[PDB]
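In the block that follows, a single chain appears as structure tokens, in the form deposited in one PDB entry.
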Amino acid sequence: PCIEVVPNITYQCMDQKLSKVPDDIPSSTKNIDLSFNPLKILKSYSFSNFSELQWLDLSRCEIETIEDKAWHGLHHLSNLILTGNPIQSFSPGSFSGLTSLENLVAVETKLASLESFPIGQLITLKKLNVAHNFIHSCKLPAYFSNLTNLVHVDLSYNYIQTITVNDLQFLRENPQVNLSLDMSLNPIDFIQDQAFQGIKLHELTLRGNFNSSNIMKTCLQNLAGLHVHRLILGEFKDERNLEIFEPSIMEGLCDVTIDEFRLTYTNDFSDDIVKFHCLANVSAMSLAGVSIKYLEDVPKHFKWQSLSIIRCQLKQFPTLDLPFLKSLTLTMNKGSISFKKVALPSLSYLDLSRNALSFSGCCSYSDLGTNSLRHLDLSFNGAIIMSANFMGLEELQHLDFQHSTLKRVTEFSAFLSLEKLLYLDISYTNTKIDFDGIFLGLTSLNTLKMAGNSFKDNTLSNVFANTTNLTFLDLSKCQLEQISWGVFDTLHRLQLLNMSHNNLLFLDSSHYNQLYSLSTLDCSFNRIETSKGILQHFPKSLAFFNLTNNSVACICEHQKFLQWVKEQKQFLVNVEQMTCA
């Protein structure tokens, strides 16, 4: 009664009415989903036959009891998922046989303590997920000494109310442990003084823990001494929220050393709480889903190297002049905003996509105040009016304008200064190519994606004469009807050419001679009747030629081309599926 998804490998036994592991299933199977079946109990030696099983999903199988040696033969299992089974008590010997387990998920299994959770011999464990249980204590049990590969523990949505000095003793006694800890959705109301002295965490997540501003202040105070690589803080819209959020609640974080700081949704945000002095030395600042309206505060002494602003609500483009910022992200912002000049000397990475962004006077040094920009993403935005061809930004190596409206790009050589550019995407920008010099200066270009545009008179013109280093070129959906003579002659290094979904009446073989390195040519969804111009000239490197969904006139008047299918059979794609029209 199971679904076979990958033969002898993967099998879907979800939502039948199985009371037992079905026994007709192949011995070699690597993946089995058996969730949502009433199994009630795991009998000893149940999975003996599946010696190569790697992933086992038993979520919501109503299991109250695991018997000793249930998993006996499963030496290769790396993932065990037990979510939603009311196994209140786990016997010693519950997990024996799992010699390679790496990921244990025991979410909502009415588990009360980690001390009695018999996982001390799961030496290979990397991830432990015990969210949505009844755990009252934050105590990291001594058997974690056996657990030398463990990197993440999820303690989310439990009943933890206090963190004490003894709670984190294991971590204190073992500074070498690289551990991360999700403590979200626990009603924490007290942290003992000095609890976090001598402790190191990779990632600590504290989302939705606090009901009172006073409690959050005084808890973050006793975080004193902690070294975290990444502290994640904030709340949820569908939960108990803070009444007021003042920058002063953050006091306490001054005695914690933080590499990366992430603020998530906050009910009562104020713009100045990311301007807070105890965040000065953080090297990465992140806002996600935050009601920030303006960012025009930031003192110059602030040591931020990256700022990331995701699904926020800026009404204006933020005025910034941080000497150290190497990386700026502002994406999925509300409404529209119009670009404003910034001053970022260290800036090498800039992602400004998906904001309905307006940009009048793109783009030069005076816009950004850097000489080291290597990456610029301006995709999924509004009108971007080209006014400047990247003077001062010649280190640029990745440029993306996809789906934005480019304006005035054909009025001059807009990319002239970009002698180092490797990747350029101007797909779906409503550009009508009518200037042969549009790609002048792009002598290092490898990838050119220009799908969804058009050309004067719908003829592909001599715009590729200087783009020698091109290995990838996409001209689909460009409404093309014709191809000029020597248009590809220079592209000695070209590996892929997508010319699909155009209006080409026929091909011409002389266009593709000189394309010595062409592996893939894609001419599907055209109106191609036949090819002309001597068929020997098609590249010897041509492995995948797509002529599907075309309008071939099947007769005898173009019988030369119809003969090229035989020896060139493994080279055309979907050969035996093509039909005349």
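C-alpha atoms forming the largest set that superposes within 1.5 Å between two forms make up the rigid core. Residue numbers count along the first chain shown, from 1. What changes on going to the form deposited in another entry:
For the residue set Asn158, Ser94, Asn502, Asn85, core-aligned C-alpha shifts between the two forms reach 2 angstroms or more at a single site, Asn502. Shown in the overlay between the two forms, fitted on the rigid core, is a CA shift at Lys560 of 2 Å or greater. In the core-superposed comparison between the two forms, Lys569 has its Cα shifted by at least 2 Å. Core-superposed comparison between the two forms: the CA of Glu481 exceeds or equals a 2 Å shift.
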Contents of the next structure:
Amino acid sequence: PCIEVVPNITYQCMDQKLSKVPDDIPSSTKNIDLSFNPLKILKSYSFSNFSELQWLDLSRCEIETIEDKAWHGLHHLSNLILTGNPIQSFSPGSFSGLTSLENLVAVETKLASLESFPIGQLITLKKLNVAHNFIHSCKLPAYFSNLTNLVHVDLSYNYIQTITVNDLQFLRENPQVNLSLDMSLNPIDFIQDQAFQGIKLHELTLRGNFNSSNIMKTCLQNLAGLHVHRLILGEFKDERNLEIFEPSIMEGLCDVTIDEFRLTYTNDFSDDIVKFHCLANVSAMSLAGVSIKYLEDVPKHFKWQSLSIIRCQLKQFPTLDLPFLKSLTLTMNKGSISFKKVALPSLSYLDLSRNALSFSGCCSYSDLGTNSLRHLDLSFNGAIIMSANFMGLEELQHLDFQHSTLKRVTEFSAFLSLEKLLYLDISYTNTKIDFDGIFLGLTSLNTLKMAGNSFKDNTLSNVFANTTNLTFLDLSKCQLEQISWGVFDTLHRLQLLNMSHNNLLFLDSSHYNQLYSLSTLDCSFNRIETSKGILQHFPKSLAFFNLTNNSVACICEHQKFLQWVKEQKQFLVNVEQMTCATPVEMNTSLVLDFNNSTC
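Could you please show the structure of the form deposited in another entry, as a counterpart to the form deposited in one PDB entry just displayed?
Partners and other molecules have been left off, which leaves just the chain.
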């Protein structure tokens, strides 16, 4: 029949030329995909047996008639997908039996209106997708009051030309109702005066609605008297575009009370429309995929608490100083800017990842103009040159330099003044440890990810002596060959240690003594012949030991260690699949060593 993706749980019968639902699919299955099949009529008592089915995909199944009592057995169903079936007309009782549904998707079902749509007894429903249909009425149905849990309604790619005081006269009598709404791709031309007067919405999406800035300006004005936690605006790179987007249009948004204003790709953008005075007293400013190239015309009275800059087109680092700005994100940037000094008093979250960005002279108060900094993300960038030592930024507790070329860190003692840093990641920053005090100063550190770098002479030095409070430590993929003596000797609190994908040939049990707190020791994929050195010395807190895919010498010289494998069977992961490395061995399962030949 189908494809068993998860036995007795999930099946894939997509595009199988099936004409009815299969008959020998378990009753335990929770997820069934029947998209792209000539089902034509969804017969009555079809899914009778499937009492645990929670998600049913019937996308494009040529369904023309939902027969009476079709959903009988499916009282536990929660996701019902009906995209692209020509079931134009839904007779009442269409959705009877679906007593547990939170998600109905009737996209491209040729749905004409929401008033006819028989969902009023779907009390469990949360999301309703009715995009890509023939809905002409922006009316929010009266049965919505029953739909006590339904909080998202998308009507994209429909024909809606008019929002009228009546359409929304339901959000009126129900201020207590938290509703998100999206009507992108509707050819709206007329919004009735005082329409949105008195209504609250969580989020509202208006993308590719406006043929002319004039139609827009005028319409945008009547949004007056509306509270929106989040209003997203802009257009698509492949749809009804604007000829000119003039900062003036936003006039009228000076009535609508806004918390978060999100801008997306515009056909014509001015680096100034973002400066506009109707954006003065916003708490959250978001730009995503914007043709913005420069940003510095930001007045000091703008009450911004956050700023988000994503997939944008900045040619030089912004230069700002908004007093109340707590969080700043600048990520995924078209070109390759370079850091530029900026003073933000209230800054406590700085997010600067995934820009071909270079930063030289990092870091201290002067760099940013605050002490309150807790988060700082500088990962997936370019050349980060280490100059100063985080002097003045003590409150910082999250440092991330992943895959970014750090410079001059082995040189000085870079992190020297970070007595509160809890999370440091220097993974794949392509580093070679020379200096012993690299991590000197990080006495509050807990998590140290630092994988895929390397060490002098491929020997594990003593960079961890002061990193007392460590619980997660990751030296995976670090071309290691040997570990030096008192390396792990202060970590009386470490829980997890990853030394996977190295070149260790053995393990000295003595190393891991003093690790009174250790639970997972991953030493998978290495050139590990054996362990040596009082096997009783391994911490009695260690529960998961991983020596998979190694090269264990089943020689008599390691009689003791080979016994240890037995005494501590249950604690090694996949012991039963471990195979010897040495003489004639292959079919020779490690846990089978005896005790005779020469010994």
